[PDB]
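There are 2 protein chains.
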Amino acid sequence: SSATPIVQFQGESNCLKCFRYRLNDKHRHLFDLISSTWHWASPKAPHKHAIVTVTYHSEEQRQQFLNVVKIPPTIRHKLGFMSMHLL
Amino acid sequence: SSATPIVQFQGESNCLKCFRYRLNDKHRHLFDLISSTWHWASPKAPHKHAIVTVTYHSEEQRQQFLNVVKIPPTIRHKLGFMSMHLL
DNA sequence: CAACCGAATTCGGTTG
DNA sequence: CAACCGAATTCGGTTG
Numbered sequence: 282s283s284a285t286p287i288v289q290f291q292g293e294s295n296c297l298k299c300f301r302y303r304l305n306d307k308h309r310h311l312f313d314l315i316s317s318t319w320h321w322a323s324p325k326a327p328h329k330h331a332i333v334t335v336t337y338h339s340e341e342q343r344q345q346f347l348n349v350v351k352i353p354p355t356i357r358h359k360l361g362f363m364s365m366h367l368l
Numbered sequence: 282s283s284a285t286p287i288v289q290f291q292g293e294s295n296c297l298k299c300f301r302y303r304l305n306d307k308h309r310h311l312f313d314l315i316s317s318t319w320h321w322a323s324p325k326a327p328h329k330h331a332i333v334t335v336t337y338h339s340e341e342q343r344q345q346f347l348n349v350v351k352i353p354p355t356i357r358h359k360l361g362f363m364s365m366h367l368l
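So the sequences go chain by chain: A and B.
Residue 341 in UniProt numbering sits at position 60 of the first sequence, and the numbers go up by one each step.
Residue 350 in UniProt numbering sits at position 69 of the second sequence, and the numbers go up by one each step.
These are computed hints drawn from the structure, not numbers from a lab.
Among the hints, a few may not be true.
If chains are identical, the list can't say which one is meant, so a pair holds when it fits in one copy or spans any two.
[Claimed, not checked] List of simulated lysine to any residue pairs, SDA-like, C-alpha gap at most 20 Å:
#1 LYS359 to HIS328
#2 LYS307 to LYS351
#3 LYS307 to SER283
#4 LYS359 to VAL349
#5 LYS351 to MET365
#6 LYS359 to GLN291
#7 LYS329 to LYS351
#8 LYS329 to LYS359
#9 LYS329 to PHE346
#10 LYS298 to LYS351
#11 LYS329 to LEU314
#12 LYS307 to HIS366
#13 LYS329 to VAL349
#14 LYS298 to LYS329
#15 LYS359 to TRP321
#16 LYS325 to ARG309
#17 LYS298 to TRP319
#18 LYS359 to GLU293
#19 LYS351 to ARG309
Model the full structure from these sequences, guided by the hints.
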């Protein structure tokens, strides 16, 4: 469909920073776009973590990425989709 | 569906900041979650703008929001969806 | 891996 | 409205 398959990363803001750096330096091919480290800005916040979005070409590149990549355990992730539209 | 109906805002980073502040101060009811001001971090960047995501309860609150809200013209937006999942 | 570097951005809020 | 406040966060990159 018009859903870009993506992975969201929550966790300490500095970790994600470097995780991003790690990803750009060694894994450019395994994903597509990587976001700066953001977070939810209102007091209506569901959590408190920092976040990095990472986008993918195919549900398959995503899945491939996941097998190769050793995500630090202080970092949790979720899978989802957003409109490609918005990249 | 588990698509959270959302609006993305591109534009100068400082504008969005205040726009966010404006939204929280006067419009808390018209939307749901508002993001900090992020941007796409790799050199593989589709653009250059800063971004704020804003999420919604219903496709209807979204649409309602849009009629009431006078978005500064230096600020462009897109409509989309992301997994609710991910908020 | 993340704590740390010093430099650069962004923060929330205020004001013209 | 966005430029400006000074303070606090985040940047990319370097290290142990």
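Now for the hints, and whether the structure bears them out:
1. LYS359 to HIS328: within (14 Å within a copy, 25 Å between copies)
2. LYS307 to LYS351: within (12 Å within a copy, 43 Å between copies)
3. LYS307 to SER283: Answer is neither; intra-copy 28 Å and inter-copy 33 Å both fail.
4. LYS359 to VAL349: within (16 Å within a copy, 33 Å between copies)
5. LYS351 to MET365: Result: close neither inside a copy nor across copies, 26 Å intra and 26 Å inter.
6. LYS359 to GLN291: Cα proximity of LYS359 and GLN291: one copy only (9 Å, versus 25 Å across).
7. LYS329 to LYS351: For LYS329 and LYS351, the Cα distance exceeds 20 Å both inside one copy (24 Å) and across copies (29 Å).
8. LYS329 to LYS359: within (16 Å within a copy, 26 Å between copies)
9. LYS329 to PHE346: Neither, since 26 Å and 25 Å both go past 20 Å.
10. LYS298 to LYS351: within (16 Å within a copy, 34 Å between copies)
11. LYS329 to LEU314: between (23 Å within a copy, 13 Å between copies)
12. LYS307 to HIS366: neither (27 Å within a copy, 29 Å between copies)
13. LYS329 to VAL349: So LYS329 and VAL349 fail the 20 Å test inside a copy (28 Å) and across (29 Å) alike.
14. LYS298 to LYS329: So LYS298 and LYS329 pass the 20 Å test inside a copy (16 Å) and across (19 Å) alike.
15. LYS359 to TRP321: Classified as both; 16 Å inside a copy, 19 Å across copies.
16. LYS325 to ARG309: Between. Shortest inter-copy distance 9 Å satisfies the 20 Å Cα cut-off; intra-copy 35 Å does not.
17. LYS298 to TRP319: Both: 10 Å inside a copy, 13 Å across copies.
18. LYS359 to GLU293: within (16 Å within a copy, 29 Å between copies)
19. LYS351 to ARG309: Within one copy only: 15 Å inside, 39 Å across.
Of the hints listed earlier, those the structure fails to meet are numbers 3, 5, 7, 9, 12 and 13, in rising order.
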